[PDB]
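The chain below stands alone, shown as structure tokens; this is the form deposited without 2-[(1R)-1-aminopropyl]phenol.
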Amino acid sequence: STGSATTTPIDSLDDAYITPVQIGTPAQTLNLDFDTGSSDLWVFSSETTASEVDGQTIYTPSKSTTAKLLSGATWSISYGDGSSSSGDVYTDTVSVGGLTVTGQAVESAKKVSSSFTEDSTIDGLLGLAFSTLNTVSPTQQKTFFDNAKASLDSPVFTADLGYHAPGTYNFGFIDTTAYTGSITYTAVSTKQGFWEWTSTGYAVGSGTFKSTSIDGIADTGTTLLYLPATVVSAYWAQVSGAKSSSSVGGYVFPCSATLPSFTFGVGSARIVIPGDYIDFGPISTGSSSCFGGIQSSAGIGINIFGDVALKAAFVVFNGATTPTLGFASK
């Protein structure tokens, strides 16, 4: 089997992307944030505290003839931006882009933190990291990809995110028309539960490539690119007036600037992030100070190849017995 679904940015600056997911019988379609950096499929629901729902579409398990309460199971997840969500668990039929999994754990939120209530366009998350990170207790549950894997034509999914435009998540096949050149594959460590890999270095604009190992995660659920402070300083030094602001929590730059590109290495291959992908717009409405898309990871503990980086590539998440990642230009 295979599946293919379009993923759409929530706003004009790609602050997050959403993909329609069918849950239950008859289907209830929710728009979920596909997150290769976590491993829970959780949704706003009829069980979510009413004051914490503000425009999201909810899953109502009582209206699904295939829903079954997973007795005694609870979940709780805290994310690195200070947000959180928790609740109970159903199993139900879940389909993405024509690919169907029966008995998928659907984690129904009883509580969500403000950043989730405030994101009216995101009805939940669909985790695509390794199932060892799934938070369901006392019986850990498998991700949608883990459940689908054996049925897929090939045990892979691909992320093809667009810059200020829709893109595609495919399951079970590699669309050879969706990229240019060749896909370069690189080793993955699953030891921390992530699609963790080591970039071979970077370049700023037309500058020379610096060969240096940068360990980080491929995280569709992260919007920006988080790299070591040395690398980030070298990038922003090429933008007149750019500075790290203590009030903003990171690098800002004059909105009048033209940003240089940023290149990262995948083995001997190179992925070029155009400068415009690094512009996240005014810090507040009407400001001439703009949010940078490359930020320091120093306070995170790991580097994060988020959407800023991934949207410059066609990315293969190869879930074979020994997982690997593939990157191609497009």
Contents of the next structure:
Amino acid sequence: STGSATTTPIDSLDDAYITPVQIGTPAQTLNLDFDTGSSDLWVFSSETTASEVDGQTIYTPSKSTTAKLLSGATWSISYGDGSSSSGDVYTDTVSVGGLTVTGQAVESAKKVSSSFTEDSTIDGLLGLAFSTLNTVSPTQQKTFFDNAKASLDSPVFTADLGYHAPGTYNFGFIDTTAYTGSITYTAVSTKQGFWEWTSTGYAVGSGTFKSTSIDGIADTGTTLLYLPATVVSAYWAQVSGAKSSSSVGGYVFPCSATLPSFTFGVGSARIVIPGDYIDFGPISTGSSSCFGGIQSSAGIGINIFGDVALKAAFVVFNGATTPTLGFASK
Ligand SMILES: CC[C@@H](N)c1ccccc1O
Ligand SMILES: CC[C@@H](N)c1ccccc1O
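Right, the form deposited without 2-[(1R)-1-aminopropyl]phenol is done, so what does the form solved in complex with 2-[(1R)-1-aminopropyl]phenol look like?
Below: every chain and molecule of the assembly, starting with the one above.
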């Protein structure tokens, strides 16, 4: 089997991407944030505290003839940005782009943090990291991809995120028309539960490539590119007037600037992020200070190849017995 679903930016800044997901019988379609940095499929629901729901579409398990309460199961998750959610668990039929999993754990939120409430465009998350990170207790549950894997034509999914445009998540096949050149594959460590890999270096604009190992994670659920402070400083030094602002929370730059590209290495291959992809717009409405798309990871503990980096590539998440990642230009 295969599946293919269009993923759409939630706003004009590509803050995140939403993909429609069918849950239950009859189907209830929710728009979920596919997140290769986590491993829970959780949704706003009829059980979510009413004051914490503000415009999201909810899953109502009582209206699904295939929903079953997973007795005794609870979940609770905290994300790298400080947001969180928790609740109980159903199993139900879940379909993405024509690919159907029966008995998928659907984690129903009883509580969500304010950032989730305040964002009406995201109805939940669909985790695509390794199932070892799943938070369901006392019996950990498998991701959608883990449940589908054995049925897929090939045990892979691909992320093809758009810049200011729609894009595609495919399951079970590699669309050879969706990229240019070849796909370069690189080793993955699953020891932390992430799609963790080592970039071979970087360049700023037309500058020389610096060969240096940068360990990080491929994370579709993170908006920006988080890299070591040395790398980030070298990038922003090429933008007149750019500076790190402690009050804003990162590097800002004059909105009148033209940003240089940023290149990262994948083996001997190179993925070029155009300068425009690094512009996150005024820090507040009407400001002439703009927030940068490349930021320091120093306060995270890991480097994160988020959407800024991934949307410059066609990315293969190869879930073979020994997982690997693939990157192609497009
Ligand atoms: C918007 C870019 C375009 N290549 C595309 C993206 C997603 C789905 C269909 C399409 O025609
Ligand atoms: C000024 C941009 C700011 N709202 C932002 C900061 C980090 C990640 C995404 C974002 O859009």
